[PDB]
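*Asks:* Take a look at the letters that make up each chain.
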Amino acid sequence: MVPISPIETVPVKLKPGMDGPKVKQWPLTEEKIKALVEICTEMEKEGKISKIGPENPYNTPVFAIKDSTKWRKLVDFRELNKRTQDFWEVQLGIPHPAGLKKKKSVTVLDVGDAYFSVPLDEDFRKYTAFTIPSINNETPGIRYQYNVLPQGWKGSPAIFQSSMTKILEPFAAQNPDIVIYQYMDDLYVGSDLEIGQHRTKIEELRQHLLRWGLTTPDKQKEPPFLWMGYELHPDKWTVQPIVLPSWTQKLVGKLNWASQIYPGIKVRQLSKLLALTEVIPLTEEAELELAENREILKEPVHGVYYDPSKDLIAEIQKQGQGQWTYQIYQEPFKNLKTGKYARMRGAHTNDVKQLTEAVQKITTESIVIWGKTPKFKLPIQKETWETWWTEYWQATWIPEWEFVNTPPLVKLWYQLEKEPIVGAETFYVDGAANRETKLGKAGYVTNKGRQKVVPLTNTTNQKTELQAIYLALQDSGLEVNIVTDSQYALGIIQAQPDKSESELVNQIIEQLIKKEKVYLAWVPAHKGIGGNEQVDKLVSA
Amino acid sequence: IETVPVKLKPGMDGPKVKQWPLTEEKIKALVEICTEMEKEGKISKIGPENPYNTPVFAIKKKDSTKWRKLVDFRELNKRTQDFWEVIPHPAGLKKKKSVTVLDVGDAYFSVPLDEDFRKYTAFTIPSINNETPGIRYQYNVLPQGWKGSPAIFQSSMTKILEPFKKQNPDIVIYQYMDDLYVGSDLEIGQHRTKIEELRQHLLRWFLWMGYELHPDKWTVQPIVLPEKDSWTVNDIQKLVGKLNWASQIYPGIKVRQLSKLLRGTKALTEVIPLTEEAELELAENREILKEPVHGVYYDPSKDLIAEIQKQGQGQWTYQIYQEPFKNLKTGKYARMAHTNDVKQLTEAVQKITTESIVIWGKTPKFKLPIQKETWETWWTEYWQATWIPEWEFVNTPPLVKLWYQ
Ligand SMILES: C=CC(=O)N(C)CCc1ccc(Cl)c(Oc2cc(Cl)cc(C#N)c2)c1
Ligand SMILES: [Mg+2]
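Just so you know, the protein sequences line up as chains A and B, in that order. Mind the numbering: the first sequence is residues -1 to 64, 67 to 219, 222 to 247, 251 to 253, 258 to 283, 288 to 554 in the authors' numbering, read in order. Mind the numbering: the second sequence is residues 5 to 90, 94 to 212, 227 to 357, 360 to 428 in the authors' numbering, read in order.
Heads up, some of the hints might be wrong.
Going by beta-carbon spacing under 7 angstroms, a handful of chain B positions derived as facing chain A [to be verified]: (1) 134; (2) 137; (3) 258; (4) 283; (5) 286; (6) 288; (7) 290; (8) 293; (9) 368; (10) 388; (11) 392; (12) 397.
Keep in mind that the hints were calculated from the coordinates and are not lab data. Positions of the beta carbon are idealized from the N, C-alpha and C atoms, including for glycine.
Isolated chain A, as found in the complex:
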C-alpha cells in the first residue's frame, strides 16, 4: 500500500434551526427494487455508501430509472437541499473566450473518478440516509447513508471544485509555464512548451494526482471543445451555431447571445413587442432586419484570443433609435468580441449621454475579461466632448479616447446662451389649464408688443407651459430671449434632451436646432413680474 494523502473534510451544517429530511419512501416495483439492490451493493463495495441501523430518523426518497443498457439510482435530495446551509458558489460568472490566451498544446485529462473520492463531513452523513423498499414490504427496507459528496446534493459542486483546487495549487505554483482549467469531470492543461517538455509536465501532474489516489485515465477530444455554449478552437472561438424557429419571446436571449461575436444583431423591434399568451405581427416591420438577423446569422463569424503584449481597443457606433454597436480588438478586423448597448428607458435623453453609458459598460466588461480598460475610438469630436462636459451640470468622464470619423457623428444639437441677448426680442410666455375641464391657454407677450394666446383642449398645466415656450420659438426670429415661470419646463430643457417621448418636447427641440441664439430665463410665478404678470392674466382664465 502506497499511503494516499487524505482529502480534508469540509465541515457542513444544516441551515440554523432547520432539521434534516423525513420524506416517505415511495412505492416501487419488485423489478425496480431488484435493480437498486445491485447498484447499492457495488457502491457499498467502493466505500461510496454504508448500511445504517434503525436510529437515523431521516430518509430521502430513492427512485430507479432505466433503457440504454440498465437502471440507475436517482436519490431526490430536493428536501435535504432546502435544509442544508448556504455555500460559496466557487464561480458564478464564466470566463469569456475572448479572455483566453492561446497555447501551443492543450492536453485533456479525465478526473471523474475523483468526484466520488471526496469524503463527506462525518457529522453530516446522517442526513443522507435513504431506504430501498423491500420486496412485498415484508421486511425492513435496506438503509444506507453517503460517505461521499452525493450526486445532486446542494454542496457537492462547491465542495468538489474547492477540493480539486486545493490539490492542484502547489503544482500550478511550481509550474507557472502551464495553465489549468476545470470543467465537469475533465481538466485542461495547456502550455507553450515543446511537445515533449509538455507531455512530461502532464506526466508529473498525473503523478501529483496519484499522491491523493486520483486514478487519472491514460487515453483525444475534438479540436473544437464544446464548452458553455461556445466553440473553442486552437486559433479562434465562436458561438455554438444555434438558430430560432409563426405562433410565438426567447429569441431575445438567443439574438443577444449571438450578438457578442456577430455584428449588428438588432433586438429593438423584437424586444418592443413584449404571460405566455399571444404573438402579434411585427407592425414596426421588424422583418426588415429580422430577415437580416437571419441573414446576419447566415454567415459564420469567429473571434480571436487575447494577446497581452498588444494594446486593447474599443470602437463604438451609433446604430440609431437608442441602439449602439461596438467591437473590441487589438489588430483591425481581428475582433476579440462585439456587442450592443440599448438606451435606458426614460422620457428624454441625448446622444452624448448614451455614448457615455456605452463607454462605462465596455470599460467594466473589459476590466472583467482582460483586467484593463481599452483605448476607445469614438464617433464624437474632441471639441464636442469638451463643450459638453465643461457645461453639463453633472460630473462626467470618459477614459482615454480618440475621435473616429465614422458617420453618423454624435453632436450637440443646440446650446443655450448664458447671458441675455442684446437686441433680441424678449418673449414672456405663460400657460395654464383647468384641472376639471382640461381646458387651458398658452401664449406670450413681447417687449415689441407682439402677442398671442391659443386656447387648448385636453391639456394640463405642464403641457400648456411647454406650448407657450414652443409658441415663442415658432414666432420669433433667429435670436430670442424667453422668460418663463415653469420650473417644469426649465428642468426639461436644462437637462438638454435631443430626443423625447413627448411630441411637444420634440417640437421644441426642433425649434431649438433652427435658432442661432436662445436665452431661457426663469422667474417665479404670481409675483407680479411684469410681462409674466401681463401674460398670466391673458392665459389663466
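Got chain A; can you put chain B with the ligands on it based on the hints?
*Replies:* Relative to the frame of chain A, chain B with the ligands by itself:
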C-alpha cells in the same frame, strides 16, 4: 489576548455582497499584500462552507506610492451590533487652530478577533476573466474599516496616550475608525514636533503620514446679493428669484417693491433705475441675510445630508443639513484634475466627509450630481480615505445651483 464577544444584530445574517471587478494591477497588489498578512496570521484562507462576502479593493494613500488594501465594510458595519461603553465627540476639535490626522490602522492588527465572528469578515481577491476561483480569506485580527475595531480597541488605545495627554492637557485627540485627529492651538513647527512626539509613543507602545487641516472656517456661508450701480431687467429678475428662494430660509424677505419694477414688458437687457422703495427693500433684505438662521440645532439621532453642485471651472458648492433649509454648514471648493470632473467630485466628497467627522463625529449621506453608472465605474480609482460614506444620485438639474453662486 481575550477576544471580546461580538455578534450581529438580532434577526440579521452576515453580508453577502458581490465583489466588483478589479484591474490586473490592483489584483497583483492585493495578492502581495494578502500573502504577507497571511504569513503574519492576520488573515487565513477559508473554504466553501463560508457564504459571506465583503468587497475589497486597493488604493494609494495621499503622498505615498505603496498600494493599500481597503475593505468596503459598509454592509458589515450596519449589521454589527452597536457597541457601547463610551466615543463622545469633542466640540473643541472643530475650534482648534490646527488638526493633524494620523493613520493608526495598523495598531488594530495586534488584537485577536472573536473566533465566532471572523466568518463574517470574508472577502475575495477576484481573478481576471473568472479563470481560477477567487482567493477567499477571513480576518483573524481586528480589521481596518470595521466599526467594532475602534470600539474594541478603545481599551488599549486610551493607555497608549495617557502620558501624552497628561503632558499636553489642552491638545485635543479624537478617533474615528482608523484615524486619529490631533488638534492644537500652536504653530505648525511645534505642531509637527508635538505630532512626531505622539508618533513616538505609537512606535514604542502609514504612521509616518498625516493631514494638515485648519478647522478655521466660517460655518454656514452668508447669502450674498449683488451691489450694482445699474440694474437691467434681467439682473432684477435673477435678484427677485434669489430673494424668493432665500424667503423659505429667512422670514420677512420681501420682493413687492422690486417686482413693481418688473411690471411692464421690457427687454431683458434694458437698464431699470431703482425706486426709493425698491432700494430700501433691498437694504432690509440684505440686513436680514447677515444674521444666520435661528432655529438651527443638530440632532445626533438623525442623518446628516450633504448636497454638492458642480459650479464649473473646478468650483463645487455644498451644503450639510438635516432638514431642508436649516443648513448646519455650507462651503465652496475651488481649483484642485482640471480635465477630470469625477476625480474632483471624489476629492470633494472626501473633504466634506473629513470636515463632517471633525464637527460631529459621523459621516453624511451624499446626494451626488452624477449618473450612478459613471460614479460606480470610477470613484474607487481616486479614493484615498480608509472610510466610505453613503451616496445617492441626482438626475434632475436643481434650479438652486445659481443661488449658491
Ligand atoms: C481550443 C482552445 C485552445 O486550444 N487554445 C490554445 C486557446 C484556448 C485555451 C487555452 C488554454 C487552455 Cl488550458 C484551454 O483549455 C480550456 C479552457 C476553458 Cl475556459 C474551457 C475549456 C473546455 N472545454 C478548455 C483553452
Ligand atoms: Mg407657465
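*Asks:* Determine for every hint whether it applies to the structure shown.
*Replies:* Hint check:
Interface restraint check for residue 134/B: the shortest CB-CB distance to chain A comes to about 9 angstroms, outside 7 angstroms, so the restraint is violated. At its closest, the beta carbon of residue 137/B sits 5 angstroms from a beta carbon of chain A; the interface hint therefore holds under the 7 angstroms criterion. Annotation: interface hint on residue 258/B holds; nearest CB of chain A at approximately 5 angstroms, less than 7 angstroms. Interface restraint check for residue 283/B: the shortest CB-CB distance to chain A comes to about 4 angstroms, inside 7 angstroms, so the restraint holds.
Evaluation of the residue 286/B hint against chain A yields a held restraint, the C-beta minimum of about 4 angstroms falling below 7 angstroms. For residue 288/B, the suggested interface contact is upheld, since its CB lies about 4 angstroms from the closest CB of chain A, less than 7 angstroms. The closest approach between the C-beta of residue 290/B and any C-beta of chain A is roughly 5 angstroms, which is under the 7 angstroms cut-off, so the hint is satisfied. Interface hint at residue 293/B: violated, since its Cβ lies 10 angstroms from the closest Cβ of chain A, which is beyond the 7 angstroms cut-off.
Restraint check, residue 368/B versus chain A: the minimum CB separation of about 4 angstroms is within 7 angstroms; hint holds. Look at residue 388/B: its Cβ only gets to about 18 angstroms from chain A, farther than 7 angstroms, so that hint breaks. Checking residue 392/B against chain A: minimum C-beta separation of about 5 angstroms stays under 7 angstroms; hint holds. For residue 397/B, the shortest C-beta to C-beta distance to chain A is roughly 6 angstroms, which falls under 7 angstroms, so the interface hint holds.
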